[PDB]
Amino acid sequence: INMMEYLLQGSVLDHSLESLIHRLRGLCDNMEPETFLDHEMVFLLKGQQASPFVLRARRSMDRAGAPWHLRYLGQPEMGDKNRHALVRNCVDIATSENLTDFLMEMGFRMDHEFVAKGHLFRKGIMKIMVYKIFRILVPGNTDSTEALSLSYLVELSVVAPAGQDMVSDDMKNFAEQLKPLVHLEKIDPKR
Amino acid sequence: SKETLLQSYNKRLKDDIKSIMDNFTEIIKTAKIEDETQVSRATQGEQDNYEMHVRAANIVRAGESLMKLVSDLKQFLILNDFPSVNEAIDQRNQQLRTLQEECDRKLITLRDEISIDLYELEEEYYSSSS
Amino acid sequence: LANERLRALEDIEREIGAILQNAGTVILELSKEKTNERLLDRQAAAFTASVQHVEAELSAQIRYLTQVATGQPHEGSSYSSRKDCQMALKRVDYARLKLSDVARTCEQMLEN
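From first to last, the protein sequence lines stand for chains R, V and K.
With the entry's author numbering applied, the first sequence corresponds to residues 16 to 206, in that order.
With the entry's author numbering applied, the second sequence corresponds to residues 10 to 139, in that order.
With the entry's author numbering applied, the third sequence corresponds to residues 6 to 117, in that order.
Note that these hints are calculated values from the structure, not bench results.
Accuracy of the hints is not assured; some may be wrong.
Claimed, not checked - As a list, the in silico EDC-like pairs of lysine to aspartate or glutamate whose alpha-carbon atoms are at most 16 Å apart:
| no. | chain 1 | residue 1 | chain 2 | residue 2 |
| --- | --- | --- | --- | --- |
| 1 | V | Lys27 | K | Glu60 |
| 2 | V | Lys41 | V | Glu55 |
| 3 | V | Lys83 | K | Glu18 |
To be verified - To give an idea of the chain V side of the interface with chain K (calculated C-beta under 10 Å), a few residues:
| no. | residue |
| --- | --- |
| 4 | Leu14 |
| 5 | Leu15 |
| 6 | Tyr18 |
| 7 | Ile29 |
| 8 | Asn32 |
| 9 | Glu35 |
| 10 | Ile36 |
| 11 | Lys38 |
| 12 | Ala40 |
| 13 | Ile42 |
| 14 | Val69 |
| 15 | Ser80 |
| 16 | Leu82 |
| 17 | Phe91 |
Virtual Cβ for every residue (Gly too), placed ideally from N, Cα, C.
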């Protein structure tokens, strides 16, 4: 069926970051952190419509043999069903490594690349990712990069089935367990 | 809540410091000698003695309450200061992993030496004439 | 771990010092002659410095505890590593008992 993604987002200045990580190692599951390092690139298809189609492709540079990942994110639902999280339609697809070449045949062109380097935790269904967004200049190269800002970004995400309430309330409680350190909230993608 | 408990600790600390300072200042103020008028020296002196003793007792009580506050703060730190729990868990994990690895290296070397001895004994026993 | 706890231990000792400085100051004031009035001023400054830095340390630690409190019971643990270490030690003990038995049968064979 059609699965929905619930998002809460925020940010954290880096000099307080470690305390956040220590807080997360208390609250999230009994695991060591994951330290993911990913290359993300955004393709778009300039169809007839006013809205061009958008697709996100991620190659996990750090882990060899990890399948590439496609993600289609639907536009956010204006209905006030879950009032507190970004509720979107998510289609996530594991793929082989010729993907970009295949997408070049489908009519897609690139928009921007960015590295993302950070940590990954989980709590039940929830996925906490705390990462820094790295701008790539010299667009072919993945080493020539610069940090976008001083702050790290924090995302609390749950991918789950369409509708399916009592999900955003648990995300509210897990966000409120961090509220001195981070302010996580449903931020609209407009402006 | 945690916020409520921390506020309560702040209130207790402020109250204890205020009480010690007030009692000491009041003892010092009574220590002033003043000229008497309608107070009957003897009564004034006993009342002053009682006041000083009671204030000293109050100062000692405030010190005991400060000791209680320190103990409660120590308990809170030992129970839910997340960083130190993480360093304790990690140090415990690394120490136990090193002990496990030492035990397994000892066992593997034991197995190899015992296997060589078993080979010699098998040759001797099976090739025995009897 | 020893850092903040040793701070709490120091504040215990300084609460004792505050009470003793109160007592020493009124000790000097009760004297028939108290010549060392400069030392009375020194003990008074010692008393007030003790009370002030006790307040400073405890206020700082309540602030730091406000920064790292969560009200949640810390779901981390170290149980699995202790379990594996116990199994490794019992493997070693089993091998020790078996080696004792083999050595005992060897002594019985060589004994005759």
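Inset, instruction - Verify the interface restraint on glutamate 35/V: the C-beta must sit less than 10 Å from at least one C-beta of chain K. - result: 12 Å, violated
Legend entry - Hint check: 10 Å Cβ-Cβ cutoff, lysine 38/V to chain K: Because about 13 Å separates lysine 38/V from the closest Cβ in chain K, which is outside the 10 Å limit, the hint is violated.
Inset, instruction - Using Cβ atoms only, decide whether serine 80/V comes closer than 10 Å to chain K, and label the hint accordingly. - result: 9 Å, holds
Inset, instruction - Have a go at the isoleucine 42/V hint: is there a Cβ in chain K nearer than 10 Å to its own Cβ? - result: 12 Å, violated
Legend entry - Given hint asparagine 32/V near chain K, where the shortest CB pair must fall under 10 Å: Holds. Min distance 9 Å.
Inset, instruction - Against chain K, run the beta carbon of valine 69/V and see if the smallest gap drops under 10 Å. - result: 7 Å, holds
Legend entry - Status of the hint placing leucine 14/V at chain K (closest C-beta pair under 10 Å): 8 Å, holds
Inset, instruction - Hold the hint about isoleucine 36/V up to the distance rule: shortest CB distance to chain K must be less than 10 Å. - result: 7 Å, holds
Inset, instruction - For the pair we were handed, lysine 27/V and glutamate 60/K, check the Cα-Cα distance against 16 Å. - result: 10 Å, holds
Legend entry - Residue hint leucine 82/V, partner chain K, criterion CB-CB below 10 Å: It holds, given that the least Cβ distance between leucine 82/V and chain K is near 6 Å, below 10 Å.
Inset, instruction - For the hint on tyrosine 18/V, just tell me whether its beta-carbon gets within less than 10 Å of chain K. - result: 5 Å, holds
Legend entry - chain K contact restraint on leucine 15/V - CB to CB distance below 10 Å: 5 Å, holds
When each numbered hint is compared with the structure, violations occur for hints 9, 11, 13.
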